[PDB]
Amino acid sequence: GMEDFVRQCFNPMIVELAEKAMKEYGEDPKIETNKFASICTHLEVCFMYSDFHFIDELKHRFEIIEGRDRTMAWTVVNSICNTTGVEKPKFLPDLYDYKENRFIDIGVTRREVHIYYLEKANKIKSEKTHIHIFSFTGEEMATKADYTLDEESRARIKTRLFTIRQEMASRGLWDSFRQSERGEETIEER
Amino acid sequence: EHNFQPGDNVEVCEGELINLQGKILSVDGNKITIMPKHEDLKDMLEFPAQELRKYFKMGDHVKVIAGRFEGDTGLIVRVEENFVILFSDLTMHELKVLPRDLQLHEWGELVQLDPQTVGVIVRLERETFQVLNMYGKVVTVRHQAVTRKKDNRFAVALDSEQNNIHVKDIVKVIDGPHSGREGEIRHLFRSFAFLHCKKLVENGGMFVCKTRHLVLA
Amino acid sequence: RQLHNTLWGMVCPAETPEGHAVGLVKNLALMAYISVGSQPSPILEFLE
RNA sequence: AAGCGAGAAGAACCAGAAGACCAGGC
Ligand SMILES: [Mg+2]
Numbered sequence: 000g001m002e003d004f005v006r007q008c009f010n011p012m013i014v015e016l017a018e019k020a021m022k023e024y025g026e027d028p029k030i031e032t033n034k035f036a037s038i039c040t041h042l043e044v045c046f047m048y049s050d051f052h053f054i055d056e072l073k074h075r076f077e078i079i080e081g082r083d084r085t086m087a088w089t090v091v092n093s094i095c096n097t098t099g100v101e102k103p104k105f106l107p108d109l110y111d112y113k114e115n116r117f118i119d120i121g122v123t124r125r126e127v128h129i130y131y132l133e134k135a136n137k138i139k140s141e142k143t144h145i146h147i148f149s150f151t152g153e154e155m156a157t158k159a160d161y162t163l164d165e166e167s168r169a170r171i172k173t174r175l176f177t178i179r180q181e182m183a184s185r186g187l188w189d190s191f192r193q194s195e196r197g198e199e200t201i202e203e204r
Numbered sequence: 417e418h419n420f421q422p423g424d425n426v427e428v429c430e431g432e433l434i435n436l437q438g439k440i441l442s443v444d445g446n447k448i449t450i451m452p453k454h455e456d457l458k459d460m461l462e463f464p465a466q467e468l469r470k471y472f473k474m475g476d477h478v479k480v481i482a483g484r485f486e487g488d489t490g491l492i493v494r495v496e497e498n499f500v501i502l503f504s505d506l507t508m509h510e511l512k513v514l515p516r517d518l519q520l534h535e536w537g538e539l540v541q542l543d544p545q546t547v548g549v550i551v552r553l554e555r556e557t558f559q560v561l562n563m564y565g566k567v568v569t570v571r572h573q574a575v576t577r578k579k580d581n582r583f584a585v586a587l588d589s590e591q592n593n594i595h596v597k598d599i600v601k602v603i604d605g606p607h608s609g610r611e612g613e614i615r616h617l618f619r620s621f622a623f624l625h626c627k628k629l630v631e632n633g634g635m636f637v638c639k640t641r642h643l644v645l646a
Numbered sequence: 499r500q501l502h503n504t505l506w507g508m509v510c511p512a513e514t515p516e517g518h519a520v521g522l523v524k525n526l527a528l529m530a531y532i533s534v535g536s537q538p539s540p541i542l543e544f545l546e
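Protein chains in written order, with PDB author numbering: chain a, 0 to 56, 72 to 204; chain Z, 417 to 520, 534 to 646; chain B, 499 to 546.
The hints are simulated quantities; they were obtained by calculation from the structure and are not laboratory data.
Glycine included, each C-beta is placed from N, C-alpha and C at the ideal position.
The reader is advised that the hints may include incorrect statements.
[What the hints assert, rightly or not] On the chain a side, residues computed to face chain Z include the following (Cβ under 7 Å):
1. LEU132
2. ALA135
3. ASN136
4. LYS139
5. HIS144
6. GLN180
7. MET182
[Said to hold, decoys possible] Partner residues aside, some chain Z positions facing chain a, computed with beta carbon under 8 Å:
8. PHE499
9. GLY537
10. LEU539
11. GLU554
12. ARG555
13. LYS628
14. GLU631
15. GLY633
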């Protein structure tokens, strides 16, 4: 029993965004709950990233592109690229920083940071798309070693990741989260 | 405590041998029988393991042995009553220690392989980076074996028609292996440029052409 | 290792390994029987 | 030459004995 743990160990609106997104994409959230937990933690970390940080001479500095439906997310991306002139990233980013006027992709991983980082960098082809990567073990690393955040904010994010890691281990499913199959897509039209 | 290690520059703290300076030779188990070969001294003397201290002269080498500044190295620059100040070799960090405390890469970033092999990273691996060099060969190099090179975004060169070309310019290739291709100049040198073409799938569209094989598109 | 004349009927002249144990490892013949042993007391009594 | 309704990708992804002895092929 893990889904109840995810429900009770997350912000209600974060889990709401996760479940609505998944339902949009057509996946049964009662079976593949590992993707449920992963999406929830990713959304949570993105919110923390865009939490308490404001651009002013108060306005949110970071707009959370993830967590909203596909058309709305792409509308946000297109509007930002049309006003600021930033190149439209073909892959949906996760956030946009107005001060540096550049999109950011946030990824939380349990494997070593650099392998995930290089994987993403190669996939994106480095088309002017800064990316930041967190890990459950409690280390971070980003493109050009730029985190665009105060040390205390990143410390809070990493501590939250470590705490959820320890709670989930207390539940004993840490090894279960270490498994994720390609796809069990066999829904015949009946 | 009292510990002595070979190779250290020591001094004599008492006796008729006072102020004599020398380099330790050997060491023993309990009675160290430390023997320092004094500077400009053909003979070898004998001292107890408490009579010698690690003294150093102005302009010599020193390396911390223990304490808060362990691992730092440099050169003492002043001799106060007992404190000795020096500046770290690797960085400008200030260092104050006793004399006895001393002894005697992102996807598509230009990298230096060797003076004449300023390559461009085209693939990130766990331990290595593929690097397309200026000759058109792809080499694999360890992450720490290359240095990040400062890109000259304002570089200017001549193309095949002696037109001025600049970083970010779109050029056509009219000679050499890539003749007929078109690309964006990413890194520019007088004789060659690293170009990008999204239609080119090899090396993620990163190729290299001589500047005399280019014409501004 | 040589096939002694006394191996007639007691050991197989043909059956023997051809490696480094030629002639040392032998094989009994079909009708060969190795004695089991017996007490000589009755023989001694008969002789006396 | 054909020509009679719409698309694109959230999250992240290996194993050693060693030694002795015996049988055996060459
Ligand atoms: Mg992402």
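Cross-check of the supplied hints:
no.: 1; hint: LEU132; in the structure: 4 Å, holds
no.: 2; hint: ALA135; in the structure: 4 Å, holds
no.: 3; hint: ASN136; in the structure: 6 Å, holds
no.: 4; hint: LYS139; in the structure: 6 Å, holds
no.: 5; hint: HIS144; in the structure: 10 Å, violated
no.: 6; hint: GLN180; in the structure: 27 Å, violated
no.: 7; hint: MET182; in the structure: 26 Å, violated
no.: 8; hint: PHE499; in the structure: 33 Å, violated
no.: 9; hint: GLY537; in the structure: 5 Å, holds
no.: 10; hint: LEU539; in the structure: 13 Å, violated
no.: 11; hint: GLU554; in the structure: 7 Å, holds
no.: 12; hint: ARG555; in the structure: 5 Å, holds
no.: 13; hint: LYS628; in the structure: 13 Å, violated
no.: 14; hint: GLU631; in the structure: 13 Å, violated
no.: 15; hint: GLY633; in the structure: 6 Å, holds
The structure does not agree with the numbered hints 5, 6, 7, 8, 10, 13, 14 stated previously, though it agrees with the rest.
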